[PDB]
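One chain is shown next in structure tokens, namely the form deposited without ligand SFG.
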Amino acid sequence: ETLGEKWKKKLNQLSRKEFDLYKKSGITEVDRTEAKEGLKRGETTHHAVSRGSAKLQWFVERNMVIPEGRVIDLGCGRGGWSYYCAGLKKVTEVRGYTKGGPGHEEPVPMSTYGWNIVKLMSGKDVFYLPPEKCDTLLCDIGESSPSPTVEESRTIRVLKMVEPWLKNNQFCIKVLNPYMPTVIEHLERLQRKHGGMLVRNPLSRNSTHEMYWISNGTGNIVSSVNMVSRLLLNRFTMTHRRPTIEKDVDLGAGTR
């Protein structure tokens, strides 16, 4: 039994009250107040469509992934990662695919800086899409489950789906459950071939052990995974630490 599995058992034991306090303890989060009001009023410039823009920005501004050329955004949802990449100088095209419909997010049309290089398509189950040529491959897919074996299966499905899209390109791929032994085997095989490293984003909630496989970095996957499991186990032991509130992103306006 891994440290992550002991974390998962503990999380599953929490009451809704305890879980809601635990999930944001000591994390970082962007203040969405302005954007929510703006979006509610139908504004299409400046606002990010979700917390996803700031989440991807954290990696980009640290050069862990450097979006360039034709960017593919798998499971784009509302389009937060797609709209953020659109405004980056090295980016020439952004293609977003998402399933949408019941239980899933629909793309939100925006007029933020670089919207003209963006195409977001709904009714697209990425698990049935044939790979396309791209210079940057992004994927934020992975739905949480109280079962870590269901999450292990979901994580492996994502890792097997993204691999044909990887051809010496920049990438940022969520790994929903990175602590299950079989996932670790796949990540090690994938890192030997495609390089990169697993990184914990400070904007992630403590209710998920997700880590991102980014292309620009090296390191020991096992040690980075166990570091997160220890971090998350320590966060159950003290009273709620209010999250660090940061400014949300301004994605501007106009064509590129």
Given for the second form:
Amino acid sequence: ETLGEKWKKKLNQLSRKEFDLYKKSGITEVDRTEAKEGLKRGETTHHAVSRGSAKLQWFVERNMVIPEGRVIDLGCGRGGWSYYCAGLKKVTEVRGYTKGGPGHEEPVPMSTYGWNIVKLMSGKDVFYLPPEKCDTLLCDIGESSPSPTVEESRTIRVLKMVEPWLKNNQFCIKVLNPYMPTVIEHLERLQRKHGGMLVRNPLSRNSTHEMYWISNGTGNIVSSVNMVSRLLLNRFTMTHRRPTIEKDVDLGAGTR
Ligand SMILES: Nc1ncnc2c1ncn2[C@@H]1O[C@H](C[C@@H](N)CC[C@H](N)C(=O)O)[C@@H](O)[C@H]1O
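Same protein, different condition: the form deposited without ligand SFG was shown, now please give the form solved in complex with ligand SFG.
Starting with the chain above, the whole complex follows.
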């Protein structure tokens, strides 16, 4: 039994009250007040449609992924990763696909900087999409479940699905459950072939062990996974630490 599995078991024991306090304890979060108010008013400029724009920006501004040319955004949701990439100098085209429909977010149309180079498509299950040529491959798919074996199956499926899209390009792929031994085996094989490294984003909630496989980096996958498991385990030991608050991103306005 891995450290991650011990973390999961403890998470599933928490009451809703304990869970809600644990999930943001000591994390970093952007202040969404202004964006939520603007989006409720139907404002289409400046606001990021979700917390996702700030989350991908954290990797981008650390050069862990450097979006360029044709960007494919798998599981785009409302479009936060897509609208963020739309304003980056090196990006020329953004194609987002998302499931939508009941239980899934629909793309939100925006007029933030570079909106005219974005195409978001709903009603698209990426597990049936044939791969397309692209310069940047992003994937943020991985639905949490109280069952780690269900999460293991979901994580492996994402990893098998993204590989044919990987052709010496920039990438940032969510790994929902990176601690299960079978997932580790796939991550190690994929890293030997495609390089990159698994990174924990400080904007992720403690209620998920998610890590991101990013193209520009090296390191030991097992060590990075066990470091996260120990961090999350130590976060149950103390009383709620209020999250570190940062400014949300301003995605501006205008065509390009
Ligand atoms: N099989 C699937 N094919 C397509 N989209 C999917 C599938 N499974 C889940 N999704 C979507 O993937 C999205 C994942 C989100 N974490 C994306 C948030 C996005 N990165 C943002 O910044 O707004 C959700 O909107 C799901 O509805």
